[PDB]
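This is what each chain is made of:
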Amino acid sequence: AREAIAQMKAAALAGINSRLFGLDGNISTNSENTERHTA
Amino acid sequence: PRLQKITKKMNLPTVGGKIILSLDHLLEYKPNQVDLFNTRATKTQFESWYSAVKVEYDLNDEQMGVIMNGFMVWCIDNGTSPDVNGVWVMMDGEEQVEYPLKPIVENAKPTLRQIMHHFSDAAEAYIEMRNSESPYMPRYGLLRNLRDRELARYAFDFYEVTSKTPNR
Amino acid sequence: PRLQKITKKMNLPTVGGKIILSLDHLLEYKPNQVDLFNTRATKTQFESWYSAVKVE
Amino acid sequence: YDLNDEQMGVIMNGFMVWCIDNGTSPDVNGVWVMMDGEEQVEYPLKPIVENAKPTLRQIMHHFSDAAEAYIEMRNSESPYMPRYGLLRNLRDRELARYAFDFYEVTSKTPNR
Amino acid sequence: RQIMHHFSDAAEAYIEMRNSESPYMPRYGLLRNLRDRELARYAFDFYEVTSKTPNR
RNA sequence: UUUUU
RNA sequence: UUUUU
RNA sequence: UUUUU
RNA sequence: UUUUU
RNA sequence: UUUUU
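Chains as they are written, first to last, in the deposited numbering: chain C, 228 to 266; chain K, 60 to 227; chain L, 60 to 115; chain B, 116 to 227; chain J, 172 to 227.
Simulated from the structure, these hints should not be mistaken for lab results.
Backbone N, C-alpha and C fix where the C-beta goes; we use that ideal spot for every residue, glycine too.
You may find that some hints are simply not true.
[To be verified] Chain B residues, not near chain L, derived (Cβ > 10 Å throughout):
no., residue
1, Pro169
2, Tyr195
3, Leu201
4, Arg206
5, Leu210
6, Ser222
7, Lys223
[To be verified] Below, computed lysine to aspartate or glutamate pairings styled on DMTMM-like, alpha-carbon distance capped at 20 Å:
no., chain 1, residue 1, chain 2, residue 2
8, L, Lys67, L, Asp83
9, K, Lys67, J, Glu187
10, K, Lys89, J, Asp180
11, J, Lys223, J, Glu187
12, L, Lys102, K, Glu157
13, L, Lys102, K, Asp151
14, L, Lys68, B, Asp117
15, K, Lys223, J, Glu192
Take the sequences, apply the hints, and build the full model.
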C-alpha cells in the first residue's frame, strides 16, 4: 500500500502552479495631480 | 607549528618606505556587524527620542515600557510613514483606550523607520508564538496576499536584513 | 526541564547600561487582533452613532 | 536557553531524535518537541539554526554512530523506520541503518 | 574609489576570517541577493581585478 | 563546497 | 512544511 | 575614463 | 540615503 | 488612510 498511496498523491496534483504571491493592493495608474483651478 | 592569519610580510600600503598604516592589531577587532550600518540611527538619537517623548506625555514613570510595547504591535498592523494622522491605540480587557499620534513622529530626528530598525528580534518572536497558537498574519502581508502561511516571520515595514537570514 | 519563550538574555534595547525598556510581561498579552486596526472605527464612535441616531 | 546546568545533555539528545524524523534544512520554522510520559513539552526552534556558523548539517555530521546504534536497538525490538525513508519508500527493512539526512560516509561501509 | 582600489587584499583577508568563524556577508551583497555564501570574498564597491582571479 | 523539510 | 473537495 | 549609497 | 499607511 | 452606488 505504501506504493499505491504515493501514486494517488502524485496523480491528484499536476498543473497547480504555486505562485506564492497573490496580488498587490497598491495601484498607481496615474500619479496624484496636486494642482488648482481658477476662473 | 602555528602562526597567525595576517602577517607583516603581506602586501600593504607604503606611504613611507618604513612606516605602515594599518597597524596589525586587528586579530581582536570583532564588533557586532549590525551596529555599524547607516540604515540604523545612532545610539544618541535613540536615547533622546526616549527622553523627549517622556516629557510630552508627562509620565516620569516606568509605565513607559508598556506604552512603548503598546506602540510596536500597532506599528506592525498598519503602515509606517510620515503621512499618518489621527490617533493610535492599545487595548486592555475589552475597551479601546486611545492616545495621540503627533509627538512620536515630529520629535523623531531622522525619519521613523530609520529609528525603528532596532526592533527586529522582538516582533519576530512575538508573531512566532502567536503563530504557534493560532494562524496569525499581519496587515502588511494580507494587503499583499502571500500564500505561504510560513513566511509571516518576514512581514514588516521595519525589518533589518543581516547575514543570518536564509536565501528564501 | 522547562522554560519560557522569551528570555532576559535575548538581545534587546539598551538605553541605559542597566535598565531595559520592554518589560518581560508579554507572555500574557493576547488581544484579539482585529480590534487593533485603523480601518475600523473606535469603540467610542460606534457608540455615539448608535445614540445620536436614536434621537433623530 | 539560560540553563547553565547539565540538563543540556537531555536537550541535545531530545534534538537528535527529532532531527531524524523530520528534514534538516534552513527553511524550517515553528517549534520542535521531545516528550516525557504522555505530554508534549515543546521548545523554540530559531536559535539553534541562526547561531549555527556554517549550515546545520555541516555541523551535524558528528552524530553518525550515536543515531546508528539508536535505531539499531529500536529495530531489534520492534520494526522501526524513520520518516526520511518512508517518504522515499524502501522495501528492504534491513537498510534502516543508512537512512538519515546526516550520515557521514567512511571507508568502513559495505558496498551495498 | 579611484583612490580606494589600493585596499584589495586587506579587506579580503578581513572578511575571510570573519566568515571562518561566523556566516558573514556585507551589505553590498545582501542588497543584491547572492545565494552562494562562498563568494562573499568578491563583494565590494572597491575591488581591483588582476590576472590572478579564477574564472568564476 | 552549497541545494535533501 | 504547505497544495489532495 | 567617469556613473555602483 | 530617501519614497512601503 | 481616503476613492467601490
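To see whether the hints hold, each was checked on the structure:
With a cut of 10 Å on Cβ distances, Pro169 of chain B stays outside the contact zone with chain L, its closest approach being about 22 Å. Against the 10 Å criterion, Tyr195 of chain B stays outside the reach of chain L, whose nearest CB is about 27 Å from its own CB. For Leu201 of chain B, the shortest C-beta to C-beta distance to chain L comes to about 31 Å, beyond the 10 Å cut-off, and the non-interface label holds. Non-interface status of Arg206 of chain B relative to chain L is upheld: no Cβ of that chain comes within 10 Å, the nearest being about 41 Å off.
Separation of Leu210 of chain B from chain L is adequate, the least Cβ-Cβ distance of about 36 Å exceeding the 10 Å criterion. No beta-carbon of chain L is positioned within 10 Å of the beta-carbon of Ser222 of chain B; the least distance is around 40 Å. For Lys223 of chain B, the requirement that its beta carbon stay farther than 10 Å from each beta carbon of chain L is met, with the minimum near 36 Å. For the hint pairing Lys67 of chain L with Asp83 of chain L, the CA-to-CA distance comes to about 8 Å; that is within 20 Å, so the pair holds.
Taken as a hint, the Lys67 of chain K and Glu187 of chain J pair is honoured in the structure, with Cα atoms around 17 Å apart against an allowance of 20 Å. The straight-line distance between the Cα atoms of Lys89 of chain K and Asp180 of chain J is roughly 18 Å, inside the 20 Å bound, and the hint therefore holds. A distance of roughly 17 Å separates the Cα atoms of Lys223 of chain J and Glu187 of chain J; the hinted pair therefore holds under the 20 Å criterion. Under the criterion of a C-alpha separation no larger than 20 Å, the hint pairing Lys102 of chain L with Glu157 of chain K is consistent with the structure, at around 10 Å.
For the hint linking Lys102 of chain L to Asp151 of chain K, the alpha-carbon distance of about 13 Å falls within 20 Å, and the restraint holds. The hinted pair formed by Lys68 of chain L and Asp117 of chain B meets the criterion: a straight-line CA distance of about 7 Å does not exceed 20 Å. Distance restraint check for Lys223 of chain K and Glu192 of chain J: the Cα-Cα separation of roughly 13 Å lies within the 20 Å cut-off, and the hinted pair is therefore satisfied.
Every hint, counting from the list given before, is met by this structure.
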